[PDB]
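Student: On the provided structure of chain A, position chains B and C with the ligands as indicated by the hints.
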Amino acid sequence: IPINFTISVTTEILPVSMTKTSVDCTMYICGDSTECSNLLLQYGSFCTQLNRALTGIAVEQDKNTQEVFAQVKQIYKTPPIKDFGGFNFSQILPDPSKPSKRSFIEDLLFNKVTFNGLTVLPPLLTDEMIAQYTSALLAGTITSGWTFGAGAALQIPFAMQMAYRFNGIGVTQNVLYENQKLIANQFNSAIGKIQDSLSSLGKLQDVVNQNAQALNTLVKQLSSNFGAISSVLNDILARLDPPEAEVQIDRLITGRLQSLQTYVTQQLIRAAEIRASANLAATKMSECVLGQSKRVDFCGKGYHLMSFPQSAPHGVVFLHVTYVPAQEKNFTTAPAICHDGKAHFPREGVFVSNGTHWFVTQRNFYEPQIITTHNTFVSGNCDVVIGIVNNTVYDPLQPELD
Amino acid sequence: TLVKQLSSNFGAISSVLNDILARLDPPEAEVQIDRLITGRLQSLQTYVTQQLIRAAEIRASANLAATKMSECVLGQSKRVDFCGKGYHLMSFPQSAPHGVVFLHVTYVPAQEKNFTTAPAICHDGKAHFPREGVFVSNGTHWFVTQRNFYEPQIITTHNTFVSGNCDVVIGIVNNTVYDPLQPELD
Amino acid sequence: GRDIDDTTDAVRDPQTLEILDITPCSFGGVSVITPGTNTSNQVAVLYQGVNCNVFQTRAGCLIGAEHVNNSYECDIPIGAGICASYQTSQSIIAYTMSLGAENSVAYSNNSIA
Ligand SMILES: *[C@@H]1O[C@H](CO)[C@@H](O[C@@H]2O[C@H](CO)[C@@H](O)[C@H](O)[C@H]2NC(C)=O)[C@H](O)[C@H]1NC(C)=O
Ligand SMILES: *[C@@H]1O[C@H](CO)[C@@H](O)[C@H](O)[C@H]1NC(C)=O
Ligand SMILES: *[C@@H]1O[C@H](CO)[C@@H](O)[C@H](O)[C@H]1NC(C)=O
Ligand SMILES: *[C@@H]1O[C@H](CO)[C@@H](O)[C@H](O)[C@H]1NC(C)=O
Ligand SMILES: *[C@@H]1O[C@H](CO)[C@@H](O)[C@H](O)[C@H]1NC(C)=O
Ligand SMILES: *[C@@H]1O[C@H](CO)[C@@H](O)[C@H](O)[C@H]1NC(C)=O
Ligand SMILES: *[C@@H]1O[C@H](CO)[C@@H](O)[C@H](O)[C@H]1NC(C)=O
Ligand SMILES: *[C@@H]1O[C@H](CO)[C@@H](O)[C@H](O)[C@H]1NC(C)=O
Ligand SMILES: *[C@@H]1O[C@H](CO)[C@@H](O)[C@H](O)[C@H]1NC(C)=O
Ligand SMILES: *[C@@H]1O[C@H](CO)[C@@H](O)[C@H](O)[C@H]1NC(C)=O
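As they're listed, the protein sequences go chains A, B and C.
Under PDB author numbering, residues 714 to 827, 855 to 940, 945 to 1146 are what the first sequence spells out, in order.
Under PDB author numbering, residues 961 to 1146 are what the second sequence spells out, in order.
Under PDB author numbering, residues 566 to 617, 641 to 676, 689 to 713 are what the third sequence spells out, in order.
Just chain A, with the same shape it has in the complex:
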């Protein structure tokens, strides 16, 4: 049985969207050669299909960003007071000093990350609004408990909410109230430890790296002659007549079409993967931030208490808060207790052995109590249980019967 308990925190990085892109077909394959366009008019549907696919990918990116964040339609506001029972919530709250409401850890996280028809579109939800959503979520999960995920937002003091969640994971409230200072100090130390650790993100950067590599390979592919006589169309047309230059022209055309097809297929597959990741992120946001999760090992290793979302460039970062046991102690135990030829089983807990006496205690934190009739219920005799121990169950009524 454990005797002490720590509180840890853990990060978890998830991509949400990649860089929206668009590649005009004709401007890439051809330059300004009119006859090049005339030849491409034999392949007409291809350019339309490619543009449609790219637009689909762009709108999918925006849909991901929309789904993962806007879970609330009532922007809340943290009170000016910071009376949260000693929980120094200052590294994740917005600061009025900076123009944007980006908090300290978001600001630190945001800095670690660093022609021919290749227009890049911007997302229709700027980073400041994303930080606004994140701040609203923080305010909701700090003040209003978790009822704000179901209908309106209901106010409740923070200490009582932490007691609620401690009851949730299977330990009585008194454990929390008896150790507010210790819990608050451990939480603050953990927050500082994370602040230090992040001061020195592969999953959020390899996406940008792969995008850069793909675009670079697409651009550099222009140089190759694709088995023709030379690269530039202008040189070919200026040096040969159409009846003999058309073969070189259409060979180049086939080369460019193959390159675009390959790049589009790669983009589609990467977008599918990113959508899967974004759906996982939405599920984590709706099942960790709001409410509590009994799904073991989902919202951070160990038992789960709460969470705190944070923003990131093209990403999202969670700060889980996990109850974790500590130093334990050996004990002896036996399931049943025989008192008057009848069994006795605990209502909640087990029968640990002092080595001389017997006790009933919580399942996850050593709290010895006296075995009364208010902790056990009886069923059947003592002649059927596989293991049992003789003892006596004190009764509350007898001393009062005087």
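Each hint can be trusted.
Calculated cross-link-like contacts (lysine to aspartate or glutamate; reagent style DMTMM-like; alpha-carbon spacing at most 20 Å):
(1) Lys1038(A) to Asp1041(B)
(2) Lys1086(B) to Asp1139(B)
(3) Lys921(A) to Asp1127(B)
(4) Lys964(A) to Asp574(C)
(5) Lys786(A) to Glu661(C)
(6) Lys790(A) to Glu661(C)
(7) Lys776(A) to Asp1041(B)
(8) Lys814(A) to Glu702(C)
(9) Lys776(A) to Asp663(C)
(10) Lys786(A) to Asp663(C)
(11) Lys786(A) to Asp775(A)
Because the hints were derived from the structure by calculation, they are not lab data.
Tutor: Leaving out everything else, chains B and C with the ligands in the frame of chain A:
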């Protein structure tokens, strides 16, 4: 798009194979024929790839649907915001052309009321914590009520359990806990 | 003179021996905003990236639309946090979208709801 792609000559001299073969001999028409063949092959390859990707997406959606069917219709879900917004009570599947439609039934709270509260209760120098609920304030008296629906009760020993003295809790209120046994002790 | 993409980026004029820079001028897709032909026909045109009631937006230059200073939940997204609508005769307006309302919560260390 696949059908209409047939019209294009794919850089050949004409679309219909019959016209090409009827107007040219094989030794010079084979180039037009195989150019058309390459065009049709490219079109089929593109369409097949698009179909494969769309099918993968549809399979993902169908697996999500199966999970929702097995975790909402049967039993109850504690996964917040999975089976409909708000708390969940039941569900009712319905069919649809190439689809499925659920009718979730969700409990949702309503008008509230301000109250005053304090975690612990001190009676005889010893603490008191609710078994289930919180200690709302009448403004004159104290009560213990359910966590999600206002139901005032009288604070007895059948709603609270004791642990430790009154000298360690951060916040507490003086009051008296009625006992059921004393009036019956007459 | 080249770049990371090994494409021409600068050139020296071989008579005055001075440095010159280069830049393409062929960006920009054309897009149009319509409140629905079911009601009225007035539309506005949006260019993608060029610089231009010609009103300027972070994501292109907007013509045929009237800027405002209000903020609401928005109907037709455009880009860079700019949204168009039809409510106003009546015309087409653009503005910065509002994520929603804002209500403070009376959180006190002894108050419960
Ligand atoms: C090429 O010829 C031009 C002719 O104008 C030269 O331009 C001279 O530029 C200097 C710069 O101040 C002037 O003072 C002269 O009056 C210009 N003309 C001449 C005839 O010198 C230019 O310098 C010449 N190129 C080089 C490399 O010297
Ligand atoms: C538990 O651990 C903390 C720090 O690790 C220590 O201060 C405390 O004395 C230990 N024991 C109890 C009962 O809290
Ligand atoms: C929170 O911690 C920071 C430094 O870690 C300190 O400057 C600040 O005063 C603390 N606030 C509270 C309320 O403890
Ligand atoms: C049993 O518990 C009592 C206190 O309840 C303690 O005094 C005694 O030493 C314990 N017996 C052991 C540790 O063997
Ligand atoms: C428990 O008490 C009964 C009552 O006599 C006795 O028969 C039994 O042997 C005791 N248990 C053990 C393990 O001796
Ligand atoms: C306290 O409750 C009683 C009924 O139990 C009621 O008569 C009284 O008005 C209440 N006190 C208030 C509302 O201040
Ligand atoms: C509760 O009663 C004790 C008993 O005398 C008293 O010392 C204490 O001050 C009371 N509580 C408050 C808040 O006054
Ligand atoms: C829009 O279409 C509906 C379809 O019946 C029609 O009744 C309505 O009049 C149309 N809107 C206007 C402004 O005419
Ligand atoms: C658009 O480009 C022109 C070109 O010089 C520049 O003068 C203008 O300031 C640019 N627009 C904005 C909003 O910066
Ligand atoms: C609760 O907040 C009020 C604010 O005025 C303060 O006076 C009081 O001491 C606080 N009580 C606790 C237990 O924090």
